[PDB]
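*Asks:* Here are the chains, one letter per residue:
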Amino acid sequence: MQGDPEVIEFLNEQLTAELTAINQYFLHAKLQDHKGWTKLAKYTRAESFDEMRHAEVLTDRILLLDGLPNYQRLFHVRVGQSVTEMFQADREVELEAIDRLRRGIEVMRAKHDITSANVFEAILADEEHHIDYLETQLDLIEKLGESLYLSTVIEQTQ
Amino acid sequence: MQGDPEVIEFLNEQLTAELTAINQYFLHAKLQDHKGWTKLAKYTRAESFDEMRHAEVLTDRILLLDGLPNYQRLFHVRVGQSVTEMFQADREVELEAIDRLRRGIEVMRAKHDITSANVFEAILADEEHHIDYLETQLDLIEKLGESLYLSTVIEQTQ
Amino acid sequence: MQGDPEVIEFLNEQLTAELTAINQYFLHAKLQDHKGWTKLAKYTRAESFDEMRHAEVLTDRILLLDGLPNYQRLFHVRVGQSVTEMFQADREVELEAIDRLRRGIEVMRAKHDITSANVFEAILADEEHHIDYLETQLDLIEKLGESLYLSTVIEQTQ
Amino acid sequence: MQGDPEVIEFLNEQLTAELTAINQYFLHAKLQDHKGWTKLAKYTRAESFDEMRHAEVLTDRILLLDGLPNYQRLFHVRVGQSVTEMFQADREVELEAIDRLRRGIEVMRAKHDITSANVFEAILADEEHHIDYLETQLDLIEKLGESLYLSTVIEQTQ
Amino acid sequence: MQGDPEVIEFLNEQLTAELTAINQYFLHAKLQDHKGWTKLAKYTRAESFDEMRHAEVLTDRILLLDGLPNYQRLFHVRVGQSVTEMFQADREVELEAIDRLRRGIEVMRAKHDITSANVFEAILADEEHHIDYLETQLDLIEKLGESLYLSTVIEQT
Amino acid sequence: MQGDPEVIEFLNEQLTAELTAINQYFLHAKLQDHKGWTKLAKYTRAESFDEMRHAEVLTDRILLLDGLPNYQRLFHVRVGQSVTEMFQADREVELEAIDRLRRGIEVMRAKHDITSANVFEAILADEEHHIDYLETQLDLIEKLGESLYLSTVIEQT
Amino acid sequence: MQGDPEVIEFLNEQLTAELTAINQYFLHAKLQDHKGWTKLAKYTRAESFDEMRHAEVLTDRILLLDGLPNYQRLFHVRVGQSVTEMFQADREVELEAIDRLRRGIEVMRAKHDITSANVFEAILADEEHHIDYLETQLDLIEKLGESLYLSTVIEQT
Ligand code: HEM
Ligand code: HEM
Ligand SMILES: [Fe+2]
Ligand SMILES: [Fe+2]
Ligand SMILES: [Fe+2]
Ligand SMILES: [Fe+2]
Ligand SMILES: [Fe+2]
Ligand SMILES: [Fe+2]
Ligand SMILES: [Fe+2]
Ligand SMILES: [Fe+3]
Ligand SMILES: [Fe+3]
Ligand SMILES: [Fe+3]
Ligand SMILES: [Fe+3]
Ligand SMILES: [Fe+3]
Ligand SMILES: [Fe+3]
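If you read the sequences in order, they're chains N, G, X, I, W, S and E. The first sequence stops at residue 158 when you use the deposited numbering, and every number in between is there. The second sequence stops at residue 158 when you use the deposited numbering, and every number in between is there. The third sequence stops at residue 158 when you use the deposited numbering, and every number in between is there. The fourth sequence stops at residue 158 when you use the deposited numbering, and every number in between is there. The fifth sequence stops at residue 157 when you use the deposited numbering, and every number in between is there. The sixth sequence stops at residue 157 when you use the deposited numbering, and every number in between is there. The seventh sequence stops at residue 157 when you use the deposited numbering, and every number in between is there.
No lab work stands behind these hints: they were computed from the structure. Please note that a few of the clues may not be correct.
[To be verified] Pairs of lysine-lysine, DSSO-like flavour, derived with a Cα cap of 27 Å:
id, chain 1, residue 1, chain 2, residue 2
1, I, 143, G, 39
2, X, 111, W, 111
3, I, 42, G, 42
4, W, 42, S, 42
5, I, 143, G, 30
6, G, 35, I, 42
7, I, 39, E, 111
8, S, 35, W, 42
9, S, 111, W, 42
10, E, 42, I, 42
11, I, 35, E, 143
12, G, 30, I, 42
13, I, 111, W, 111
14, E, 39, I, 39
15, G, 143, E, 143
16, S, 111, W, 39
17, X, 143, X, 35
[Said to hold, decoys possible] Chain W stretches covered by chain S per the calculated footprint, using a threshold of three residues with CB under 8 Å from any CB of chain S:
id, stretch
18, 36-43
19, 137-146
20, 150-156
Note that CB positions come from ideal geometry on N, CA and C, so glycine has one too.
Please model the entire structure based on the sequences and the hints provided.
*Replies:* This is how it looks when you write it as structure tokens:
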């Protein structure tokens, strides 16, 4: 089996995006933990682990088609200072990923490669779920305010 | 609910292929067991059982569309003498099945029958996995050699 | 050890008969299940599994004598629409098998090969039991009738 | 009940063969153990115990017919130095036993003594199984070679 | 499937013999129990139950061949007063059964009916075992004597 | 390490004696079982198994010294009809074994081979125990008589 | 109780040999472990522990006789680089120990001191077992070869 170079190009681009997202999410979780926002940090850490799982699946698919995974290239990592900025950066990443996923799914399904299309379909569903969560949190912050919102995620906790 | 004749023709052809594969894999497993190659025999027996399950699923799908399953056909069965020959025969069977599966999925999805397309998609994923395994084993035999490779799959008994 | 070609011919013929019976019984069980006759379907499925066991024993015996098992040849498979027709087809298959078994047992025991004769003896006992069951069911259907008999093997759900 | 002298002669000859086989197998197992070949030694010890059981059954049958079991005879015992020689000696013993068993079964069944014939039939089946094992091991040694074959049965522990 | 009338005749004869043996063994066990010979009665009861099982197997085989089992005919039942006499009667029954079994096995196997031959083979093995036991007990009684032998099978309860 | 040929000769002679004893004891146990003497048969089986254990130890010792064990020759096997005769045959075997063991122990210990001497010492102790048992049983049979003695080792089961 | 000077001299010499063997075996086990040969290392470590136990027993016996154990001596320690060399060094040590043990046992038993003789007898049996193992391993290496033999004792974990 030897896949088309275009399919492998799409998969490698998605892999680079996954690695960038992993780095950004872990850094954000550590930064949030340093400030005393424990409950946010737990959620962000879980999201980073999910990003790893996506990256592993993509790597396995690329290896099965007799390609060379790219572990050297990275995109630009966004770091925010307040919580609104972190949420906005995550939203940007998710939107880019969703657009790429849709275009790649169409292209792959046009050339009789169904398994890669199914992989991108699952990843797309997960990305949509995460973006919905991010938008809900941004709305909550907009309504309550930053201080009253942050008052609900701090624990003395030994 | 009455399916198109072409969809039923595709499904019956896949069923005939499944039955042929079941027979060939079971015979190969028995032959390997008779020679003292135990782990290979176990793996081949498991593969034959998986083929049996695939045949059952195909039969159910054909019956739901008010068709007549064909249990009288059979394609040519290939029997080898050394390990390399068995692996090569299995590879040939898998390649034929994968080509047929892709063409059938396209045709079925062009006529608004989605469930049959999903069935073929799952079968295609399984076939790709098995072909990958076969190619890996052929590479290992090429590198190590037949005697040193066979020395790793022989056991005494109790 | 190298058995006589006639003994191997007998064993291979019995193996072909076993494979044909396996296919016919499985197809009949699936057809019965599709109509709602669950209790008949369970029994037919069990019979198909027993036919597998017989085929495996025959294959092992053939391999021990340094022969080539035949997995390419099939006889004619009979399919019926009613239940009486299915029972009649099964009866025909059983009668043929019993006749072949008796002749083969005599021939094998005339040439000092006892293990093969014992194998055929066990298979013959099993076939006689199954034919007795089939005749009893046909008598019950004759006495009661199709509708009243079928009313006793239909179950709503689980 | 008093059996025919010829039946008792056959049974006593088989008993002498059993005793000789027991002695040879135990000596071979001890010799293999002294050299560091552990799994071979275990298998040979199990075979010796099986021959012990066969001798016991033969003794019981002889006693039930009001005869005198012979515990003073012994055939020539063969001892090898390499693995091939041991396997060849075992093969010779098995071939002799099988020939005697077939002739004895025919003679016994010609004179209306059925239980003795059944005893010989069971012993014959066991002997055929063992000879098949021996031939398989000889083929494996021929294919791999003595050094690579022996590398798979050595283990130093406690 | 319809068997030959001769095979069915053999099987029905062997069934009549089994019924006679069942009756004789149960009566002997009850008689032994009445006298206080506690340990003999258990063995005799077990033998009677084994005969019952043999009769059931024979009945099943006869029914499978589309025949009519005979439950009306009996042979002569022998009753002994001493223990030696009981053992001797049992020995006679066993010898008759063994002879009939061998002849029937030969005839059945000459006509391509193998399952019936196997049934008779199993029954023959069992009969040989029982006759061996009976002969051993007769030898023990001969060596020891009635009183010393009987002193070993009585119990207070 | 290579032992002296004389030590190996002694060990091989003891091995031949062990094999002969194994055969004789097993045959006697089977014969006793066929007659209905269950409790004697159990003891005889146990003795035969002990004789095998002795044979295995001797074989291991011979192999460690780079010798060739002899599994081809046997002595004369004694078979008796009564129980007194069986006991007498066993006594003869034991006496021969004990004499050989003492002479071999002295010779082995005279040449600086201690492990073989210890092996023979253990075997000698076991043989003395068995001979004591045999003599006790012969005395009991002499005092009671054969019938009254045999009446104590029979069961129905 | 005061033992003879010669008995104590023999015991102290055996103690020095034991200490030397302990050091050599532990060093060999560590060296084998550093190279990736795991099962050999385990076996050698067990052997070193056994030597430790032997040294303890010898020390106890020497103290019971009102003597002074020597913990300052040491014989030459042999270190190899390949497996064959290690096995050969161990064989040399074992042969020396066995010769000394036999001579000491004779001398001790000539002067009516039996417990020390029994101690040396047990140690001698153990030494013979170990030397047999070493010779078997050397034969296996000779037959298979160095690489194919080492391929069976390497584990990755
Ligand atoms: C066209 C021929 C055959 C068909 C359509 C067929 C079909 C099936 C199916 C669908 C099952 C379901 C088992 C499950 O649900 O786990 C089954 C059971 C089984 N069949 Fe077959 N089979 C065929 C030939 C054979 C042959 C030739 C053998 C033996 C040489 C065999 C051995 C078995 C075994 C062992 C099982 C049960 C596995 C287990 O319980 O571990 N089959 N069969
Ligand atoms: C070193 C040689 C032998 C070994 C290791 C050995 C080992 C054994 C063992 C462990 C048992 C079962 C123990 C028990 O259940 O009491 C047994 C049973 C038996 N052995 Fe041996 N034995 C040896 C020698 C022999 C010889 C030389 C013969 C015949 C000449 C023999 C004939 C038998 C028989 C017939 C049985 C069945 C015992 C029974 O069912 O009562 N054995 N053997
Ligand atoms: Fe992702
Ligand atoms: Fe398949
Ligand atoms: Fe069948
Ligand atoms: Fe045997
Ligand atoms: Fe009966
Ligand atoms: Fe002994
Ligand atoms: Fe030591
Ligand atoms: Fe496949
Ligand atoms: Fe059937
Ligand atoms: Fe054998
Ligand atoms: Fe009876
Ligand atoms: Fe003894
Ligand atoms: Fe040591």
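*Asks:* Evaluate each hint against the coordinates.
*Replies:* Verification of the supplied hints:
Proposed proximity of residue 143 of chain I and residue 39 of chain G is supported: the alpha carbons are some 18 Å apart, at most 27 Å. Taking the CA atoms of residue 111 of chain X and residue 111 of chain W, the gap is near 18 Å; set against the 27 Å cutoff, the hint holds. The suggested pairing of residue 42 of chain I with residue 42 of chain G holds, with an alpha-carbon distance near 24 Å, which does not exceed 27 Å. Distance hint between residue 42 of chain W and residue 42 of chain S is fulfilled; the C-alpha atoms sit about 24 Å from each other, no more than 27 Å.
A C-alpha spacing of about 20 Å is found between residue 143 of chain I and residue 30 of chain G, which places the hinted pair at or below 27 Å, so the restraint holds. Of the supplied pair hints, the one linking residue 35 of chain G and residue 42 of chain I holds, its CA atoms being roughly 21 Å apart against a limit of 27 Å. A C-alpha spacing of about 48 Å is found between residue 39 of chain I and residue 111 of chain E, which places the hinted pair above 27 Å, so the restraint is violated. In summary, the hint linking residue 35 of chain S to residue 42 of chain W is supported, as the alpha carbons are separated by about 21 Å, within the 27 Å threshold.
A threshold of 27 Å between alpha carbons decides the hint, and for residue 111 of chain S with residue 42 of chain W the separation of about 65 Å lies outside it, so the pair is violated. Proposed proximity of residue 42 of chain E and residue 42 of chain I is supported: the alpha carbons are some 24 Å apart, at most 27 Å. With a C-alpha separation of about 11 Å, the suggested pairing of residue 35 of chain I with residue 143 of chain E holds against the 27 Å cut-off. Distance check on the hinted pair: residue 30 of chain G and residue 42 of chain I sit about 26 Å apart at the alpha-carbon level, within 27 Å; holds.
Proximity of residue 111 of chain I to residue 111 of chain W is assessed by CA-CA distance (about 18 Å); at most 27 Å being required, the pair is judged to hold. For the hint linking residue 39 of chain E to residue 39 of chain I, the alpha-carbon distance of about 18 Å falls within 27 Å, and the restraint holds. Restraint check for residue 143 of chain G and residue 143 of chain E: satisfied, since their Cα atoms lie roughly 26 Å apart, inside the 27 Å limit. At most 27 Å may separate the alpha-carbon atoms for a hinted pair to count; residue 111 of chain S and residue 39 of chain W exceed this at roughly 62 Å.
As the CA atoms of residue 143 of chain X and residue 35 of chain X are separated by approximately 23 Å, the hinted pair is consistent with the 27 Å bound. Counting residues of the stretch 36-43 of chain W whose C-beta sits closer than 8 Å to any C-beta of chain S gives 4, which meets the bar of three, so the coverage hint holds. Restraint check on the stretch 137-146 of chain W versus chain S: 6 residues with Cβ-Cβ distances below 8 Å, three needed, restraint holds. Residues of the stretch 150-156 of chain W with a Cβ under 8 Å from some Cβ of chain S number 3, which satisfies the need for three, so the listed coverage holds.
Consistency with the previously given hints fails for numbers 7, 9, 16, ordered from lowest to highest.
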